[PDB]
Amino acid sequence: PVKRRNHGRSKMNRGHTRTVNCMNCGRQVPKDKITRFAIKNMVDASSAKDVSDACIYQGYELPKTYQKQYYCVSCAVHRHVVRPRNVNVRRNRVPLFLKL
Amino acid sequence: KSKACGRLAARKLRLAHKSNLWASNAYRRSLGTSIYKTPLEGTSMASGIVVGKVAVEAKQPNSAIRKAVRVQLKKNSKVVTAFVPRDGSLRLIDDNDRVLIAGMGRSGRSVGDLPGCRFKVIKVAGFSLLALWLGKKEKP
Amino acid sequence: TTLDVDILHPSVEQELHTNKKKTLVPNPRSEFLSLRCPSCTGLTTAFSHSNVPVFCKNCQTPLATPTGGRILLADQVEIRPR
Amino acid sequence: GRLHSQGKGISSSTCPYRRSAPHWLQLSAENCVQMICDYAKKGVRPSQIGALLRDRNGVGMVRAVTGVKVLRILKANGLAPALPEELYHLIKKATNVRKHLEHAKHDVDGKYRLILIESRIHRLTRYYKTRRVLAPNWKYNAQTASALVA
Amino acid sequence: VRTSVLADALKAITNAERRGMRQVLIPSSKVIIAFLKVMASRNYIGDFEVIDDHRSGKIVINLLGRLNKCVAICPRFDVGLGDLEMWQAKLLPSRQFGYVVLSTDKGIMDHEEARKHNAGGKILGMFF
RNA sequence: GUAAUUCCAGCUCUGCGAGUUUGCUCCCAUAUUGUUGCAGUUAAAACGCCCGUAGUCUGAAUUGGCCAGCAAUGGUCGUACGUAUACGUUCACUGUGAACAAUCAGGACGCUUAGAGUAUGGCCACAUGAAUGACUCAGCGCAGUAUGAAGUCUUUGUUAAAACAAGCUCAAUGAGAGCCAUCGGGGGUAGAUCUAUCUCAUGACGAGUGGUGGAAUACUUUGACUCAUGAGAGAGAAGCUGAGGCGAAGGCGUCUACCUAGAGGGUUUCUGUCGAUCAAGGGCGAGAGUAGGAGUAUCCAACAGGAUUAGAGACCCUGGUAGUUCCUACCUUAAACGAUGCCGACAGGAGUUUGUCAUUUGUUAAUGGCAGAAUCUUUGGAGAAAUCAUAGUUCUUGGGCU
RNA sequence: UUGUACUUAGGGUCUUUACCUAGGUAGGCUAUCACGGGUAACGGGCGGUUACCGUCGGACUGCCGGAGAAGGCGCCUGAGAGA
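Chains as they are written, first to last, in PDB author numbering: chain a, 2 to 34, 36 to 102; chain X, 3 to 142; chain b, 2 to 83; chain N, 2 to 151; chain W, 2 to 27, 29 to 130.
Since the hints were derived computationally from the structure, they do not count as laboratory data.
A virtual CB, placed ideally from N, CA and C, is assigned to each residue, including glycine.
One thing to keep in mind: the hints can contain errors.
Stated by the list, open to error - The following label-pair restraints were derived from C-beta to C-beta distances:
hint, chain 1, residue 1, chain 2, residue 2, range
1, W, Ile35, b, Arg83, 37 to 47 Å
2, N, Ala22, b, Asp7, 25 to 35 Å
3, N, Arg114, X, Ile37, 54 to 64 Å
4, b, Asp7, X, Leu23, 53 to 63 Å
5, N, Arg19, X, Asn22, 51 to 61 Å
6, b, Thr46, N, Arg114, 34 to 44 Å
7, b, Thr19, N, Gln7, 25 to 35 Å
8, b, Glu32, N, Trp139, 37 to 47 Å
9, b, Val13, N, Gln7, 31 to 41 Å
To be verified - Straight-line C-alpha distance at most 20 Å; calculated DMTMM-like pairs for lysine to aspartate or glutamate:
hint, chain 1, residue 1, chain 2, residue 2
10, N, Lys130, N, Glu86
11, b, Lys23, b, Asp5
12, b, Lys21, W, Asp85
13, b, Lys23, W, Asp80
14, X, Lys69, X, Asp99
15, X, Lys80, X, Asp115
16, W, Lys60, b, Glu16
17, X, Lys69, X, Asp97
18, X, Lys3, W, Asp9
19, W, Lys92, W, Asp49
20, b, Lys23, W, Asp9
21, b, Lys21, W, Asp54
22, W, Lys60, b, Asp7
23, W, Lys32, W, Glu87
24, W, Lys60, W, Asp107
25, W, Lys32, W, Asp49
26, b, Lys22, W, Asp54
27, a, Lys12, a, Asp46
28, X, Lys5, W, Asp9
29, a, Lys42, a, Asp52
30, a, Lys42, a, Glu63
31, X, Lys76, X, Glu43
32, N, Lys94, N, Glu119
33, N, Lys100, N, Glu119
34, X, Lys76, X, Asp115
35, W, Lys92, W, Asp107
36, N, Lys130, N, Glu103
37, X, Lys125, X, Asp89
38, X, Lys139, X, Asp89
39, N, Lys93, N, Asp110
40, N, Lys93, N, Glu103
Throw the hints in and build the complete structure from the sequences for me.
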């Protein structure tokens with residue numbers, strides 16, 4: 002039977018959509034069907051205090067890298083970006099974070 | 003809904019009905035005829051001369067050899083296997099006799115364990131097997 | 002209150018809120034406005050919705066100008082109910 | 002807009018509930034017959050004629066003045082158009098879009114919408130030939146398109 | 002397209018009665035007004051208001067809450083007195099209530115009327 | 001398959017009974033042939049989409065109200081004043097009437113009963129009965145007009161000058177056309193633009209670079225790999241990009257000018273049913289594929305090596321032509337999927353959101369209207385269940401077509 | 001579909017007609033299924049099965065009407081026969 006009302010596709014009203022690539026498989030997948039906007043620090047954390055001794059320009063702001071990430075279901079599951087879950091909490095369409 | 007309901011629409015209903023009968027397998031089997039190219043020829047009972055005696059065996063799970071005679075028919079001059087019921091009975095039949103054959107009683111198809119043959123021997127020599135098996139009539 | 006609604010004699014609110022056609026008598030929401038530029042003293046009739054940009058006899062500039070719905074009243078101009 | 006289309010429209014005028022009136026305004030039965038015939042001399046289609054009276058002479062329903070619809074007034078005086086107005090506009094549209102499909106022939110959306118106008122006309126021309134406005138022998142071709150609009 | 006009115010309108014009245022409304026809004031006609039009138043005589047319905055809009059019309063029913071289905075069957079089959087008492091057995095649930103509105107030559111009236119007048123005709127539907 | 005409640009025998013018991021099994025054909029069982037009366041999201045089953053003829057289907061409107069009702073009817077309100085006591089549309093449909101053996105149903109009668117048969121019953125010469133209905137669609141007559149049809153040549157019709165109020169309804173949350181201000185990756189043509197990749201030329205350096213789970217084939221001091229500038233080529237438009245928009249579906253994302261289509265909204269514009277759905281028939285139709293030109297950067301069926309493996313015609317790696325791009329002809333298929341045909345009505349709340357209008361100075365907003373697009377739910381009903389505001393209104397069975 | 005469809009004149013017949021022979025037109029039937037093919041097809045009153053609707057069978061059917069006398073074909077006699 003139908004697992005999801007969505008069918009794993011987030012597209013309504015349109016016959017066709019563009020393809021992207023999971024970063025690991027390199028697989029061609031439609032855009033509609036596991037994206038993450040990803041901010042990491044360019045130096046690191048424990049590297050950063052060793053660096054800031056040797057910096058020309060005082061104080062400074064050590065920059066951040068940005069990356070929009072596209073996966074695919076096979077790639078997403080293997081990396082634990084997504085997992086399977088119980089039939090009741092499949093419906094739960096919000097992420098893990100929660101606020102008051 | 004899902005069909006024409008209107009007052010003047012009886013040609014659509016009558017003509018569409020004639021098409022849908024050809025899906026039904028019983029109308030299809032009767033009409034094709036389609037039955038003539040059969041050993042029986044559409045006749046319940048047929049007779050003719052025995053060629054010999056053959057052992058054909060059951061499928062699975064039933065391990066047993068069944069003993070069906072080969073019989074040439076009178077009217078077609080074809081040959082066809084035919085089961086012999088009751089224990090003994092192959093011994094009662096004799097070689098090169100006339101026998102009366104009839105159907106397996108399944109309205110076609112192949113019946114029990116026994117594949118292939120669709121035919122049982124009702125009489126031999128104008129007597130009947132039940133009488134012979136029971137032994138209230140005789141053969142020379 | 003799904004079961005009880007009084008629909009023979011509804012409120013004055015509910016007639017305005019429902020669609021042009023959906024009312025118990027269907028009849029439109031659009032009327033002929035009287036108009037006046039403070040330049041002239043000549044009192045000009047117009048259809049509120051229009052299609053055509055409205056002029057008085059005397060001046061030159063349109064009194065009202067066309068959009069989708071109601072007329073867009075250019076300048077200081079006013080309406081006398083008659 | 003339901004005919005050659007996916008979509009369920011509902012958007013149009015609704016006539017006022019009372020055909021008669023209004024006494025408050027001021028118009029005449031004889032004077033309005035002149036004004037309709039005024040514009041029809043200068044080559045306007047009855048779809049636009051009523052609109053000019055609405056936006057110049059505050060005439061809501063023209064029937065509600067005269068007792069008579071606009072096309073009857075022109076045919077009474079004996080000076081309507083020869084083609085119906087809805088038919089005139091479609092063949093004038095269809096000759097223009099066929100002029101485009103000469104120039105660049107790749108737009109199949111032009112071709113798909115040439116049909117669905119050319120189709121609309123053949124429905125209407127049947128209807129008008131039943132009412133005996135156009136004679137049986139009248140036709141619409143590519144060669145005869147520009148002769149009829151002109 | 003609206004193929005039929007009397008067919009359509011009696012669906013809407015039934016959907017009110019299942020739900021248990023007090024009143025319903027039906029484009030009106032002269033068979034629908036007579037069909038509602040005949041079931042008003044047998045007291046299945048309250049009392050209703052056939053309003054003007056220089057148009058097709060509207061009706062506002064007032065429901066009494068005593069009614070299970072209005073069918074309106076089509077196509078409109080001809081029926082003639084000797085033939086009729088089949089169409090009671092098919093269409094109605096019981097024998098002991100529920101009526102079969104048919105347009106007799108005299109007018110549209112129940113089966114119970116129609117056999118009294120000795121006039122059959124084409125049938126519209128039923129109610130029970 | 002050596003403990004047989006189904007074999008072969010005995011004994012007891014059961015059924016039906018002058019009957020009782022066994023073949024083939026055939027109806028019921030079977031709403032598994034569906035007019036009544038099936039089913040089509042996933043079980044078999046909705047054409048890939050749009051036009052479209054035959055076909056079937058086709059909104060409202062026309063002589064009634066009121067009183068006595070138990071109906072048939074009979075009075076009153078309205079006078080509408082043609083033929084000159086009968087004539088002023090025909091049908092379909094309904095009632096009634098004509099017309100047209102046995103069997104079937106059914107009346108009479110104790111053939112001793114029954115299946116049958118047309119008889120038979122009264123002691124004084126008599127009385128009878130051999131009905132009626134159905135068989136039945138078409139064709140024929142009179143009577144009734146609720147529903148459903150046809151009848152109704154008008155830039156002026158019917159019996160010079162008349163008369164008929166001469167006349168052609170409404171303006172449907174049917175449809176078409178017009179007009180107004182918006183909206184959108186609807187389609188086409190042409191030119192720029194932005195990095196990226198590859199190639200080539202110049203300079204710098206000086207042993208590896210690639211690639212992998214690990215390696216090797218591969219390119220490298222005739223200087224690759226990285227770094228910098230410069231020129232060319234063909235392909236593509238990142239991020240914004242979303243359960244967002246448009247398009248009949250297939251499908252459609254830089255910017256500019258050009259020709260082109262239309263949905264939705266608003267409308268006291270116009271016409272007046274012009275419409276719904278569709279065998280044939282006609283076009284559009286992803287990607288692959290074919291034919292002929294123009295290209296050829298990337299990636300790459302085949303193919304060639306290298307690994308791994310028992311083998312590896314594969315998965316992994318290095319190279320690679322056809323194709324991938326443009327133009328002219330073709331092909332006509334996909335999980336062309338909402339696996340849900342199209343038009344129409346009604347039935348429940350809740351807040352999202354796209355377009356646009358309305359009343360407000362909550363004006364890039366609030367509330368409400370139509371038209372989209374999804375969603376949620378302790379709601380009803382449906383379903384085999386999964387689930388579904390349609391897959392609901394369906395043994396409480398009939399809106400219209402395929 | 002080529003006497004195939006109409007028309008005018010004739011022959012022939014118990015009469016009417018392409019029934020047949022002439023002259024003159026070029027027509028008729030067809031998606032409301034023509035034409036062609038198949039039938040384990042004589043038609044009908046009716047019979048079997050059934051809750052209704054239907055459905056299968058109908059040589060016989062205790063009757064009605066048609067056709068045939070081993071296979072075509074032809075003819076006399078007669079009110080009537082291709083016996």
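Checked hints:
no. : hint                              : result
1   : W/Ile35 with b/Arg83: 37 to 47 Å  : holds, 42 Å
2   : N/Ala22 with b/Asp7: 25 to 35 Å   : holds, 31 Å
3   : N/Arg114 with X/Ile37: 54 to 64 Å : holds, 59 Å
4   : b/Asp7 with X/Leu23: 53 to 63 Å   : holds, 58 Å
5   : N/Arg19 with X/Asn22: 51 to 61 Å  : holds, 58 Å
6   : b/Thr46 with N/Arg114: 34 to 44 Å : holds, 41 Å
7   : b/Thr19 with N/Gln7: 25 to 35 Å   : holds, 27 Å
8   : b/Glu32 with N/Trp139: 37 to 47 Å : holds, 44 Å
9   : b/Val13 with N/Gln7: 31 to 41 Å   : holds, 38 Å
10  : N/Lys130 with N/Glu86             : holds, 15 Å
11  : b/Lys23 with b/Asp5               : holds, 19 Å
12  : b/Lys21 with W/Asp85              : violated, 50 Å
13  : b/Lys23 with W/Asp80              : violated, 38 Å
14  : X/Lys69 with X/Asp99              : holds, 17 Å
15  : X/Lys80 with X/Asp115             : violated, 25 Å
16  : W/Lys60 with b/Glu16              : holds, 16 Å
17  : X/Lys69 with X/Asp97              : holds, 14 Å
18  : X/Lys3 with W/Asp9                : holds, 14 Å
19  : W/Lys92 with W/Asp49              : violated, 29 Å
20  : b/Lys23 with W/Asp9               : holds, 19 Å
21  : b/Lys21 with W/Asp54              : holds, 16 Å
22  : W/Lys60 with b/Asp7               : holds, 15 Å
23  : W/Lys32 with W/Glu87              : violated, 27 Å
24  : W/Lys60 with W/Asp107             : violated, 27 Å
25  : W/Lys32 with W/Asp49              : holds, 16 Å
26  : b/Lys22 with W/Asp54              : holds, 14 Å
27  : a/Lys12 with a/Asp46              : violated, 38 Å
28  : X/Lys5 with W/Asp9                : holds, 19 Å
29  : a/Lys42 with a/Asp52              : holds, 18 Å
30  : a/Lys42 with a/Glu63              : holds, 14 Å
31  : X/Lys76 with X/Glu43              : holds, 12 Å
32  : N/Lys94 with N/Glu119             : holds, 10 Å
33  : N/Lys100 with N/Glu119            : holds, 14 Å
34  : X/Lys76 with X/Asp115             : violated, 28 Å
35  : W/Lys92 with W/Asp107             : violated, 23 Å
36  : N/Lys130 with N/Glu103            : violated, 31 Å
37  : X/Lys125 with X/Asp89             : holds, 15 Å
38  : X/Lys139 with X/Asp89             : holds, 17 Å
39  : N/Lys93 with N/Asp110             : holds, 19 Å
40  : N/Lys93 with N/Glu103             : holds, 16 Å
When each numbered hint is compared with the structure, violations occur for hints 12, 13, 15, 19, 23, 24, 27, 34, 35 and 36.
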